[PDB]
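Asks: Can you make the complete structure from the sequences, with help from the hints?
One-letter residues, chain by chain:
There are 2 protein chains.
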Amino acid sequence: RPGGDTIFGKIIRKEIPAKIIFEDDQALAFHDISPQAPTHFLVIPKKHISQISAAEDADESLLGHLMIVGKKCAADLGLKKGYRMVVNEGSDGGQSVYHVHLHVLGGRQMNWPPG
Amino acid sequence: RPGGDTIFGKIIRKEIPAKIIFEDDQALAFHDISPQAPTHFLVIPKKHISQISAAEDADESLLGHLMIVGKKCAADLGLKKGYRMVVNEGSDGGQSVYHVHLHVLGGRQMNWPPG
Ligand SMILES: Nc1ncnc2c1ncn2[C@@H]1O[C@H](CO)[C@@H](O)[C@H]1O
Ligand SMILES: Nc1ncnc2c1ncn2[C@@H]1O[C@H](CO)[C@@H](O)[C@H]1O
Ligand code: NA
Ligand code: NA
Ligand code: NA
Ligand code: NA
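Just so you know, the protein sequences line up as chains A and A', in that order. A prime marks a further copy of an entry chain. To get the entry's author numbering, take the position in the first sequence, counting from 1, and add 11. To get the entry's author numbering, take the position in the second sequence, counting from 1, and add 11.
Heads up, the list lumps identical chains together, so a pair's fine if it works in one copy or across two of them.
In the EDC-like style, the derived pairs of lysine to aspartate or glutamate whose C-alpha atoms are separated by at most 20 Å in a straight line are:
(1) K57 / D68
(2) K83 / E67
(3) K21 / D36
Derived from the structure by calculation, the hints contain no laboratory data.
Replies: In structure tokens:
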């Protein structure tokens, strides 16, 4: 199915709502349900890619688009002091949902190490 | 100057060495000098882009290339159990060096929140 077989497929098909902050033909951005910062949203491709380690060379422009969408949303949400972008792979990365997703976190000082 | 006026410009011009693990015409990957995980390396564009918030639409494919390079390096370094990718913007993101850089961390469980 367009959008894949994860939570995020359901969100892309609109079968379940999400607090959508951006949509184009390539990607969707929405607030995270378990926020770790005052602003915490996700940017996902509409194309099911299960994980970054499964992305192909021809996916570069889409992956970069996630990042540009994230920049735009961050500006729309007033993240003038900055933010952190995170992509988790696999079990050591803390990936729960096997559809690529870019986290964007801000509205507080982000610490180091990044987990 | 090609490569810009930061620490990372010096690295790109080879004026100072780094432990280089990948090089192509677009990007460079090298181990971080202050590692936060058993594997911790950086992927940078050779084009000076100061921060993600300064990237333009035409930079998408280069930004995605950083991510594909990171995937390749992670595989070369044996990160079979996964990893975390991080890009810091500005002061709240913890950005120190104003040349875009993608962190890739693995070889341990990464925690949550990501800072
Ligand atoms: N239905 C949902 N809407 C928004 N974010 C979600 C949903 N389900 C899981 N998440 C978020 O997806 C991320 C998966 O990395 C988590 O940070 C989690 O909180
Ligand atoms: N000369 C260098 N070689 C490799 N990594 C470096 C160098 N200088 C700074 N760094 C790393 O650059 C990152 C900037 O975010 C830091 O994690 C820091 O440790
Ligand atoms: Na798909
Ligand atoms: Na804080
Ligand atoms: Na340049
Ligand atoms: Na750990």
